[PDB]
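Okay, here we've got a single chain as C-alpha cells, the form deposited without this ligand, with questions on binding and movement later.
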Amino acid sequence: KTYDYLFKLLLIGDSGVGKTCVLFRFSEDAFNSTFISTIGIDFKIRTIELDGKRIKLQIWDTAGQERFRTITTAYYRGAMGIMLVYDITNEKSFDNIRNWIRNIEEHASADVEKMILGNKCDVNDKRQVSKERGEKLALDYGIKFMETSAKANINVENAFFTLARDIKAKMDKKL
C-alpha cells in the first residue's frame, strides 16, 4: 500500500557546513547519532503529503570521502533532487558551492533539481556571507536558494517541501 511516490534526494557540501543536522531536523530524529563522522554516509526516510498524495523521500547525505567513491556516484547518478549546502559562517564553503555545482553537473543527471541551502543563518553575528550575495549565486545558476538553520529550526522543513514540490511538478508534467 501507501506511499504513492518515491523521491530520492541527496545532501552534498563541505564538511561542517551542517549538512547532517539539516537532515536530522527534517527526518525528526530525537538523537544525534550518525555515521557521517566516521563513515561519511547517512540516510534518512520521511514521507510527507503534498496536495493529498504520499511521497517517500529517501535522503542521502554524502561527505565526499574518496573511500567510497563509486557508491556515492551511484547516489549522485540516481538522485532526483540534490541540496548544495554552505555555511554562512564560512566563506570557502560558499566559494566551493560552485565546485560542487561542477560535480553535480559532471557526476549527476541532466535534468536534476537543484537547491542552494545557506545554512546556519541564525548565527548572524558570525556571518561572513551576505544573503544578497547568496541569492545572486543562485540566480546566476538559475537555481533556488534558501537560508536555513538546523538549530533554530528555520526553513529546513520548507526547504525540503519546496524541493519536493519542484520534483513532483516536473514529474506530473510527464503526466
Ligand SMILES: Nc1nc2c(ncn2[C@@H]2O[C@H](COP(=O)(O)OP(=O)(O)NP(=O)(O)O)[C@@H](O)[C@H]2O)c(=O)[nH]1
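Shifts are known only where both forms have a C-alpha. Take the two forms, find the largest set of C-alpha atoms that superpose within 1.5 Å, and that set is the rigid core. Numbering follows the first chain given and starts at 1. First, how it differs from the form solved in complex with this ligand.
Comparing C-alpha positions between these two forms after a rigid core fit, one residue in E132, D125, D140, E66 moves 2 angstroms or more. It is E66.
After superposition on the rigid core, displacement of the C-alpha of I36 between these two forms amounts to 2 Å or more.
The rigid-core alignment places the CA of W100 less than 2 Å apart between these two forms. Taking residues common to both forms and aligning the rigid core, Cα displacements of 2 Å or more over three or more consecutive positions between these two forms occur in 29-38, 40-42, 64-75.
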Given for the second form:
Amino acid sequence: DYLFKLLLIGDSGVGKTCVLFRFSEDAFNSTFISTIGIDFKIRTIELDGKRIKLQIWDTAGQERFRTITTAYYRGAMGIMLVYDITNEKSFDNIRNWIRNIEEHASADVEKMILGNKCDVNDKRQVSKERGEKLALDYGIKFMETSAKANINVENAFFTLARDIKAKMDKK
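Starting from the form deposited without this ligand shown above, please give the structure in the form solved in complex with this ligand.
Just the single chain follows, nothing else.
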C-alpha cells in the first residue's frame, strides 16, 4: 500500500509519452502527438512482497508555459529525465532540467536519466559514455531505453521505485 508519484520530464519529442505507453499499455505507436495538459497513468507493481501503486504523470516538453509548469515538480517523489540519443540538443538541455528539479522539487526526490530511442543507433548523436558521465556527475542513475524495442522500460521504473522504497523504509 505504497503510492509513488512519478513525473516524466525532458524536451518535446524525446519519447516521454511513448516510454510511459510501453510501461502502462505494453505497446508502441510511431505517431508524434505532443502531449496536451497534464495527466497520469496507474500501474501497481510488487516490491519485497508489497504493492506499490505508481501514479506516473506526463506533460509536454512545451516551451510556452514552461516557467509556470515548474509548479508540477513539487509533488514528485521520483523524476525521469529523458533525452533522445539521436538529438544532441535534448541532451545538452538535461543540465537545465536538472537545475529546475533542484530549484522546485523536494530535496530528496529520486532522479534517473533515460537516454531514449536506443533502437535508432544508426542516428546516434550522444554516446552512451556521455550519458553515463552526466549521471555520474550528479550521482544519479542512468539507462538507455527504447519504447519501441522495449529496452529497459520496466527496468527504469522498477529501479526508480526500488530507490524510492528503500529511502522510505529507512524512515
